[PDB]
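Student: Listed here are the chains, written in short residue letters.
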Amino acid sequence: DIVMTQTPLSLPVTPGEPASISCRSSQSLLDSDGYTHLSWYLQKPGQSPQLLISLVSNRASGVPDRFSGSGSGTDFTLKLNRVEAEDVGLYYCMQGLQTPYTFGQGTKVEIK
Amino acid sequence: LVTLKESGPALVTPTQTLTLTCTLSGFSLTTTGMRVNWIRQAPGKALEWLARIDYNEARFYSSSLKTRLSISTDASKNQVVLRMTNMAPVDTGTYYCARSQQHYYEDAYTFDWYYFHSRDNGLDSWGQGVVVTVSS
Amino acid sequence: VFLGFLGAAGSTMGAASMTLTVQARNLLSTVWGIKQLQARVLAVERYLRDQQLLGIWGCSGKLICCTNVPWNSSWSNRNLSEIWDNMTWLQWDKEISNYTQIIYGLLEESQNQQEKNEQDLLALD
Amino acid sequence: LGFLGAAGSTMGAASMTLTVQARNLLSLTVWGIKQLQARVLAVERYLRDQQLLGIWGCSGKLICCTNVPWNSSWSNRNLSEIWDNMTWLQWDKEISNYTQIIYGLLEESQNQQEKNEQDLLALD
Amino acid sequence: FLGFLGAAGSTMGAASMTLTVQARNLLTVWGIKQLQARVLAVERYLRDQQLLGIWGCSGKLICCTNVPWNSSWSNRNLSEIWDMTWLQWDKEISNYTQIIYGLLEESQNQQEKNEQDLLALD
Amino acid sequence: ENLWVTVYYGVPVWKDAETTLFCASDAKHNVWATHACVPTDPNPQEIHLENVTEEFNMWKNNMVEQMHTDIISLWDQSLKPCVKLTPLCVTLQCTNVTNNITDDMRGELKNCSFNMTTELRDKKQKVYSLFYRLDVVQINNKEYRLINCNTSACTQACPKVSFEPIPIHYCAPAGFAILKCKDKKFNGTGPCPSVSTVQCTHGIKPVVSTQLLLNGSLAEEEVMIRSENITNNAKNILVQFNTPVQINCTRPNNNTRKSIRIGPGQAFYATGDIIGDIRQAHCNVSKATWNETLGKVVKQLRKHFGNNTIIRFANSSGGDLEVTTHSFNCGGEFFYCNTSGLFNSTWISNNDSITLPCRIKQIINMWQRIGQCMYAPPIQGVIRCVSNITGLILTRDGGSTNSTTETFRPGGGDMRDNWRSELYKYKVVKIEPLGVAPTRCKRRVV
Amino acid sequence: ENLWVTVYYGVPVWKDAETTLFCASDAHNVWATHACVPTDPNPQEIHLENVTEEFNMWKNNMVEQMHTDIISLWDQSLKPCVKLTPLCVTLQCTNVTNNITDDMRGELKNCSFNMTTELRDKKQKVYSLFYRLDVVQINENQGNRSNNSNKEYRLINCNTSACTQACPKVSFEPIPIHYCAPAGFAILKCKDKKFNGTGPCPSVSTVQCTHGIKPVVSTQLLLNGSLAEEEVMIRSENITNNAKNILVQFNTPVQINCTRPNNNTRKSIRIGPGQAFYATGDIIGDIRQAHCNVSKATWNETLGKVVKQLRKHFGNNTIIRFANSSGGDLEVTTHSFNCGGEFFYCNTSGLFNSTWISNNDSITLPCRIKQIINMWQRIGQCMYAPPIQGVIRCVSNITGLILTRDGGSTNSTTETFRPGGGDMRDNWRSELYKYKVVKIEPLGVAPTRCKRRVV
Amino acid sequence: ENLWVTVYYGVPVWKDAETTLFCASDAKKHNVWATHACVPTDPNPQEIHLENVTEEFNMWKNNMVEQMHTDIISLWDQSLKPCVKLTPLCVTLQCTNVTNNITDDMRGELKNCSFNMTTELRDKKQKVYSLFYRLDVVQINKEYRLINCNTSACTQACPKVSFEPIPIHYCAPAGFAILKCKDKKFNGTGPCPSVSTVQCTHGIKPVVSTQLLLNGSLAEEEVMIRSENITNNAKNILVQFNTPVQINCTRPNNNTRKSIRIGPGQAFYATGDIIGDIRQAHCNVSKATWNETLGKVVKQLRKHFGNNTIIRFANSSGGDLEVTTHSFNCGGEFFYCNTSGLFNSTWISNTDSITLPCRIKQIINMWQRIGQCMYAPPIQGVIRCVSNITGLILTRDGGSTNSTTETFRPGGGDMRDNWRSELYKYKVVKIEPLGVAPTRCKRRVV
Ligand SMILES: *[C@@H]1O[C@H](CO)[C@@H](O[C@@H]2O[C@H](CO)[C@@H](O)[C@H](O)[C@H]2NC(C)=O)[C@H](O)[C@H]1NC(C)=O
Ligand SMILES: *[C@@H]1O[C@H](CO)[C@@H](O)[C@H](O)[C@H]1NC(C)=O
Ligand SMILES: *[C@@H]1O[C@H](CO)[C@@H](O)[C@H](O)[C@H]1NC(C)=O
Ligand SMILES: *[C@@H]1O[C@H](CO)[C@@H](O)[C@H](O)[C@H]1NC(C)=O
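Quick note, the sequences are listed as chains L, H, C, B, A, E, F and G, same order.
Residues 1 to 27, 27A to 27E, 28 to 107 (PDB author numbering) make up the first sequence, in order.
Residues 1 to 35, 35A to 35B, 36 to 82, 82A to 82C, 83 to 100, 100A to 100R, 101 to 113 (PDB author numbering) make up the second sequence, in order.
Residues 518 to 546, 569 to 664 (PDB author numbering) make up the third sequence, in order.
Residues 520 to 546, 568 to 664 (PDB author numbering) make up the fourth sequence, in order.
Residues 519 to 545, 569 to 624, 626 to 664 (PDB author numbering) make up the fifth sequence, in order.
Residues 32 to 59, 66 to 141, 150 to 185, 188 to 309, 312 to 321, 321A, 322 to 398, 411 to 506 (PDB author numbering) make up the sixth sequence, in order.
Residues 32 to 58, 66 to 141, 150 to 187, 187A to 187H, 188 to 309, 312 to 321, 321A, 322 to 398, 411 to 506 (PDB author numbering) make up the seventh sequence, in order.
Residues 32 to 59, 65 to 141, 150 to 185, 189 to 309, 312 to 321, 321A, 322 to 399, 412 to 506 (PDB author numbering) make up the eighth sequence, in order.
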C-alpha cells in the first residue's frame, strides 16, 4: 500500500489568512496516460466528507473558488487563498492510482 | 440529485457478521462507468477505504482486510451490500459509502463512448453514514 | 491491293494465290492497358510461331515456296485442275486439317535431309 | 564509327556500315509497365519493318538489289551527286512523300517474280 | 527422337542432326509475371535470329560461311572434335566467341558489297 | 508422275476463336473511360466478300461476354475515384412529404432527418434530406435506415462524369478479324449469304435496360424474332423493330440539389426540397404507334406458332421491382416504369398516348452485383428525356396445352441480352496464313 | 589451313541465369487465385544421359522466387477480406470455468466488448472467447481484483497493426503448384537416388515443369513433403559450421495425428455495413487441450536412422544427443503449422529428448492455438483466423526436420542437435533439391571444311 | 545508263516522334523518386559525336519535359499511397501563442495547439499537444483548425522515404535515340550545328523549386537566356548561370519529433517542445558574388533588349505564397523564403551576405492540385544545407515606356520550366532503318 503523509497535524489560522496543507506519497501517482491521481476531502464537524479537488488541480462542482491544489510526482500542496469561518474542519488526502486507497492522517483547521 | 443512504445494525456483538445495505438514488450501478466505494472512519481517527465494486462486477478490497470483507450488489432493487465477518471491538466507527465514476465521454464522429483514464477520478458523492458500535 | 484484306476469300485458290501480300501485311498492323499489351504480345507470338515454322523449312522468306516431298494421293484423291479452278481456300482447309500436322512434320525432315546433303556437298570447292 | 556515326557521311560511305545501326534496333512500380510497353513497341516496330522487308525479295539482306526500274521523275538526279555529295537524311527529305508509291510497287513486283519462278519451276 | 534437349550428352555428330527440336522449342501476380516472361522470351529469340540474320544465314539453321577458322581459337584437330560434346566444347571457345561473331559480321557485310559490285558489271 | 506439296503464306482461311477486343471511340470525363481508349479510324471501310457463306451462331460468341465484363470493369473504374457514403448509415427520422401530395405519390417520398458530421470530426450538424420509399426501410414518426446499410455502403456518382452512353467500337487485333453479316433475312443462327469484313464494328450504345431495348438499331426489312429454342419457354425471346416508337419519360418534380459536407473535401449531394409541385414520373408513348408495332409483332411471330393460334400479352410474372419494371436512366435519374399498360391485349386470327407510372430510386445496384453498388445524386430541375423503343425481351409461359392461348410476358434475365441485339451481325474469327496445296512445282537442288 | 568456321542455331548448351518461372496446377481458393494455366496431362521427362551438371542449393533462385510469390499470393488473398480495425477495444475478459480441465486452466478467456452494428449511431455488446495468447492486459495496475473479476484486456496486434481477418470462403490447403520455365529456358531435374546438397549430379534429366510442390508452412518438422528414395538424407551448407541449419529428409514417413477436441461454435456479428466478424461462440461439451500424437516406435526408429546418418559426417564414436529449442518467440521455438484453418503451436520437447551411445505406445505433444498470426515474421501485417465449427482432425507425414547444430563442444564430446527453422525458404529447399533452372544458348560456332559459294 | 531502286536496311535516318523513356540510376533507405526497382545505368555511357548534321532542336514543345512531369507526379502519388492518411486530425485545436525564448520576428509564427486525439483503442482518447505553424492553421470563429480541413485530407509522408533529389537518367528504348546538342551558345530554339547522339542522358536531379534553379546544370561558357518570345512579357523567360553561387539555408530551431498513436498501427509524428531559443529560418547569399551574377544577367539581357536601356529587378507582383516565395525542400522540411532582398536593384548603363527570411509550412500542396495534399512530418535536429542556384525564372511587366526601365520580377509557378532547364540539350528521335536509293544493279532471275 502507498503510505500517505500529511503535514502539519493541526493548522490553527485566523480568518482571512492564507493556509496551505502539504502532502506526500511513497511512490509517484502519475498514471501511464499522463494523469496524476490525487484528491482532497473536507469533513465538516458532524457532517460526512465531501470532495474538494480531484486530479490535483481540477476543482469539484459547487465547491468554492478559494480552494486550489497543485503539485506533481510525490509532492502535493493544497493552497487555500482565504480561510473563512465555515472552512474549519478536517482535511483529508487520497490517492487514486491503485487499490487499496490510503488516506492521510488529516489536518484539523481551527480558528485562532 | 444523486443521493446515497446506508443502513445496518447500530449495535453488533463481537465475532458476528456485520452487513451494511447501501441504497442508490438518482443513479444506477448498471451505467458504463459508475462504481460504489466503502470507507469507514473510527472515532477521532483518519478514514480507511474498505472495498468497492465496479459496473462489470469487479470487486476490489483492502490488502489487510481481504479475508474479512465481501461486497455484492444486484440490479433489481439497485442496492449494494457489504459483508464483514469476525467483527472486532476496535472496528467500531462510522461507516460511509461513496460514488465515483470513470467519466465516459461520447465521440462526435463515431458514436463510441470513450474515456481518458480508467481510474476513480475523485469520489463525487458520499453517503450519510451509519454508526456501528462493537460491544457486549 | 485493290481487292482489299481477305477480299479473295470466296475466290478460287488459283486467283487468291497472287494476293497473299495483304493477308501477311495485316498480321502485324491499368487492366485495359495490360489486356491491350497481352493482345499485342499474343499477336507477336502468333506471328513468330508461323514465321519460325515456315523458316525451319526451305521457305524462310518466300510466300509461294515449294518443297521436296511427294504429295500423297490418298490426301486429295482427285484431279489438279478442279482444285485450282473452282475450289476455295476455305473449303480446302476442311479437307487438309485432318492430317495437316503430318504434312508439316514431313516438311521438317525433308529440309533436314536436304540441308545435310548440302553440307556434305560443300566440301571441296 | 559507333551507332549513327555515319549519319553525316555520304550515302556511299554510310552504306558500308549498317550492322552498327541494325544491332541497336533490339538492344507495382510504374517503371515495370512503362519499360514493358516500350519493349513491346520496340519489338513490334522491328517486326513490322522486318516483315515489310520480307514480303519483298530481301530476306535478311542489308544490301539488296531489285529488278524494279527507277522512275526519273522521283528525284531527277544522277548517280554521282547522290552517292558522293549528299547524305542519307538529305535523300530521305527528298522522297518523303514518294516512299509509299515505291513500297507498294515493290510488293507487286515481288509477287509477280514469285509466280514467275513458281510456274517456271513446275514446267519440266 | 531423343526429345527436347535430349542430345546434350551425345557427340556433335549426333547432336547436330536433331537440333531442330530445340530450335522450334524456343517460342494478379501471374498476369504480369507471364507477360514479362513472354516478352523476355520473344526478345531473347529475335536477338539471336537477327545476329544470324545479319550474316548470310537468315533462314538457315545449318550453314557454313567463308571466314577463316583461326587455329588459335581451338588448336584442336577436326576428327576428334566431332566424335566431345557441345557442353564440353562451349566452355573453351567462350573467350574467342565474340571475336568469331565480329569476323562473321564483317565478312557478310563485305560479301554484300561484293555482290552489289558484281551485279553492276552487266 | 505426281504432284508435290507447296506451302502458301497468307491464305484466307478462318478459324473460330475467342480474342479480347480493344475499344475505339470518336474522341469527341466519361463513365465508359473514352480517354483510356484507342481513337477510332475516320473511315473504317468494309470489304464485301463474295461467293462465301459463314456459319454464324449467337448466344455462344465471346464478344458479348467480353463486352459485358468490359462494361462492368469500366463502370467500377469510373466510380472508384468518387467519395464513399459510409457515414450515411445512421438512424433517419423520416416523415411524409407535405405541399399538396398527390394520390399516386402518396407515401412514396419521405422527409428524413439525421445527424451528420461537418468538416471537423468533433462537431455534429442536423441535416435533412428527401429519400424515396424504395431507398429506406423501417427499423423495428419512426426511425428508418438506408436499404444498403446491411449490405455494402455505396459510393456517390461524381457529378463531373455523365451517364450518357457514348458509342464505342470494338476492333480485332493483329491476326484476327470480325466478320459481319449483311442479309436482311438474318436468322438467329445459321449461315449468312452476305458476309463482309470490317476492321471495327459500328457504334454500339452501352445502354442499360431491363425490359425494353432503348436507343438501338433498327431492322431494314421487318420485325425479327430471335431465340435459342423457340419451343423452349425457358429461353428469352429477342424482338427487334424496323420502325421505332417514341417514349416521353419526364420527371415533373422540380427538386433542388443540396450539398452536405460530410467530411474533409468530400460532399454528399442530397435532395434539398421540392420547390415546385409534386407529381409522379411517367413515360408517354402513342397508343396508335404501339398498337401498330404490336400488330407487326404478331404477324412476324405467328410463323413460329401457327396462324390459328391465339397469343396474349401479359405484364411481368412477378418478383423484384428492378427485374419486373422497365429500368433505364435519363440524365442521371434512374427510372422503374410499370409496363402493365403496354403488354395488355389479346390478338385474334383476324388522350392518344399511353401513360406508364414510373418510380424513382436513388440507391440502385446495377447488374446482378450485390456487394458493390452506387448512390445516384438528385438532378436539379425538371428532367426531360425522349428515346426510341427499338426492341423487346419477351418470355413465354409453361404448359402450352391445347396448342393455343400462348401468353407472352416481358423478360429481363441479364444485361447481355441488350448487347446481343446489337452485336447480332458481327462475329470474331481468327485467320490462319498457313496453307498446304499440291502442284507440279519442285525445288531445284545444288 | 583448310578449316573454316560454321554456325549452328539449335546447339544444346546451358548457362545459369535467373528467370520468372510461371506456375501450373492440375485444376474458390483465392490463395492460388485459380487463374494459373493448367498443367499438361502427360509431363514429358526427357532423360539426359552421358552428361553431369553441377547442382548446388542454398543459392538457387527458384526457392527465393517461390518465397516472394507465396508472400504476394498471401497478400492478394488477404486484400479483399474484411479489416479488423474496430476490434481494438477494451475487452472485459475473465477466465472460463465451464467444464474446464487442469491443463487448460487460464488458456481461454471469456471476453465481452462493445461492437458496432450496421448503423454508426447504434452499438452492440457481443461476447467472444479469445485465447490467452491473443490478449494482453491494458491496465495491469490497480491489482487484487476478486479471484473472479473482469480484468480489462486488448488484442496483441492493437499496438502493432490493425490487420485483416481470413475469409471463410477461401481455404489454406497446400494445393500443389508446378513451376514451369518459359521459352528459351529449361528445368534440369537431378534423378540421383543418393544426391547430396552440393555437387555434380551423375544422372540429370530435363523436364518442362516440376512435380507437385505443396507449399506447406512449418518451422520444425517438414509436413506432407517428398520423401527420399532409399536412404534418409542430411544436407547443410557447411557441416562444420554451427550457424547453418541442418536440413534432414526422411525415406519413410511417420504418421502424426493432430486434433482439437473442443467442439467450437462460430457466431457471426455484423461488425459494420456488409462486413461480419466471426467470433468464437459457446463451447459445447468439455474443454481439452489440443495435441498431436506420434508413434513412439516409429519416431524412435526414424531418430535412430538419422543418428546413423549423423555418424558419417562426424565421428561415429561421438555421442549424439537431442535437446529441445533454446527459446525465443512461439513462432520459432515451437512447431507452428496449420491444420484445417486452425493454427497450432506444438511443444516438441518430448520428441527431441533422447541421447544415443555408439554401442501401441505413443507420445502426446501439447499444442496451443493462436488466432493472431503474422505468418511471415512480419511486424505490421498479421491476420485473424476465424474459428472452425466442430472438431478438427489432421493426418500428416513428417518427412523431415530442420535441425540446428549447437557448437562450442570439444574433443568430440556431447554433440547435441536442437530443432530450429529461421526463414521459411528452408522449408521449400528440401522440395526443390532436384531442380535447377538453366538458360539455353542455341547459338554456337565450330570448324568444318566449308566455304560460302560465290554466286 | 539504267537505274534500279534498291532497299537498304539500317540507314542512319531519324524522325521526330513521341515515346516513353526508361529509368536509369546508379546502384548506390527508400526514396520518393525512382526506387531500387529502377533499371541500373551503365558505368560507361557511349557518346558518339555526329558531324555534318544540323538538327533543329526546340524546347517548350518536346515531350521529354511533359513525360518527366507525368512520371514525377505518378511517383509522388505512388509514394504517398501506402502512407498513413491524416483524416482523423480534423478536430478543434485550442492553440495559443508561444513565448518561450521568443524573438521579435518569430512572434505568432508558431502556435502551441492541444487537442483530443484517438489512441490505439477505439473506446479511448488522449489529450495530446503539438506545435503548428501559423501558415497551416486558421481560426474557426483560441479554437483553430487545419487549413486542409475544409479541403481534401492530407497524407502524412512516411519517414522511411526521403525527398532527396537522386539524379535519374532517361534512356531511350530500342529503335529510338537521344540527340544532345554540343553547341555552347545554343539558345532555346535554333538549328544546333554540333549534335551528338547518346544512349542515355546525364543525371537529371528531380528537384522542384519555384523561383531559383537549385542544384541545376551550369552553362559551358556564359550565361544564356532562353524564352519562347523575347518580345512577349509572358512565357516565363528563364536564365542559366555559368557559375554557381552558394546559398546557406538553415533552421536554427532545435526541433524534436514526438510520436502520437493516432490509430491502431498508425503513428502521427507531431512537434514537441523545442530545445533552446527560437529563431526564424533564413538563407544566406553573399552580396558580392550575387551582385556579380546579377551584373552578368543585365549584360546578357541588354543584347536582347538593346543597349543603353536601364533594367530593374524587383520582387514578385502578388499571388499566393507558392509563387510569391522561393519554395524548395531542404533536408525534408519545405521552406518559403522572401526573395525580395535579391531582386532589388536598378542597373544603370556604363557603370557581406544577404539574408532572406523564410517560412516553413507542414501542410502543403506541392503541385497545382487541390484534391491531393501531403503533411510533411517534422524532422528533429538542426537543419542545414548548402546548394547551388544555377538559374532564375523571371517575368517582365507590360508597358509603353519606349523600351526603357524594363522591370524583371521572378515568378514561374509551373514546374516544367525547372524540369526543362536540364532537358534542353536532349530530344527524342525515331530511327527509320528502311531506305530506298537507286543504283545500277538488277536482280538475276533464278
Ligand atoms: C535564338 O532563338 C531565336 C528565336 O527565339 C532565333 O531567332 C531567329 O532569327 C532569325 C533571323 O533571321 C529568324 O529568321 C528566325 O525566324 C528566328 N527563329 C525563330 C524560331 O523565330 C535565333 O537564331 C537563335 N539564336 C541562335 C544563336 O541560335
Ligand atoms: C590430333 O591432333 C594432333 C595435334 O594437332 C595431331 O598431331 C594429330 O595428327 C591429330 N590426330 C588425328 C587422328 O587427326
Ligand atoms: C405517412 O404515410 C404512411 C404510408 O407511407 C402512413 O402509414 C402514415 O400513416 C403516414 N403518416 C402521416 C403522419 O400522415
Ligand atoms: C498572438 O499573436 C498574434 C500575432 O502577433 C496576435 O495578434 C495575438 O493577439 C496574440 N495572442 C495572444 C493571446 O497573445
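Honestly, the hints are just simulated from the structure, not real lab data.
It is possible that some hints are incorrect.
[Said to hold, decoys possible] Reference excerpt, derived from the structure (chain E facing chain F, CB under 7 angstroms, subset only):
(1) 126
(2) 127
(3) 128
(4) 196
(5) 197
(6) 199
(7) 200
(8) 202
[Stated by the list, open to error] Only some residues are given here: those of chain F computed to face chain C with a beta carbon under 8 angstroms:
(9) 69
(10) 305
(11) 500
We treat Cβ as the ideally placed atom computed from N, Cα and C, and that holds for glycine.
Student: Using the nearest Cβ pair, does residue 199 of chain E come within less than 7 angstroms of chain F?
Tutor: Constraint on residue 199 of chain E satisfied, holds at 4 angstroms.
Student: Does residue 128 of chain E pass the interface check with chain F, least Cβ-Cβ distance below 7 angstroms?
Tutor: holds, 5 angstroms
Student: Please verify that hint: residue 69 of chain F, Cβ, nearest Cβ of chain C, below 8 angstroms or not.
Tutor: violated, 22 angstroms
Student: Against chain F, is residue 126 of chain E within 7 angstroms by beta-carbon distance?
Tutor: holds, 5 angstroms
Student: So, residue 202 of chain E near chain F? Judge it on the closest CB pair being under 7 angstroms.
Tutor: violated, 13 angstroms
Student: Against chain F, with CB atoms and a cut of 7 angstroms, does the hint on residue 197 of chain E hold up?
Tutor: Hint holds; residue 197 of chain E Cβ to chain F Cβ min 5 angstroms, cut 7 angstroms.
Student: Given a cut of 8 angstroms on the nearest C-beta pair, is the interface hint for residue 305 of chain F held or broken against chain C?
Tutor: violated, 38 angstroms
Student: Close enough to count: is the Cβ of residue 500 of chain F nearer than 8 angstroms to one in chain C?
Tutor: Hint on residue 500 of chain F: holds, closest Cβ of chain C at ~6 angstroms, below 8 angstroms.
Student: Measuring from the C-beta of residue 127 of chain E to each C-beta in chain F, is the shortest one below 7 angstroms?
Tutor: holds, 5 angstroms
Student: Holds or violated: is the Cβ of residue 196 of chain E closer than 7 angstroms to a Cβ in chain F?
Tutor: holds, 5 angstroms
Student: Should the interface hint for residue 200 of chain E be scored as holding, given a Cβ-Cβ cut-off of 7 angstroms against chain F?
Tutor: Status holds, d = 5 angstroms.
Hint check: violations occur at hints 8, 9 and 10; the rest are consistent with the structure.
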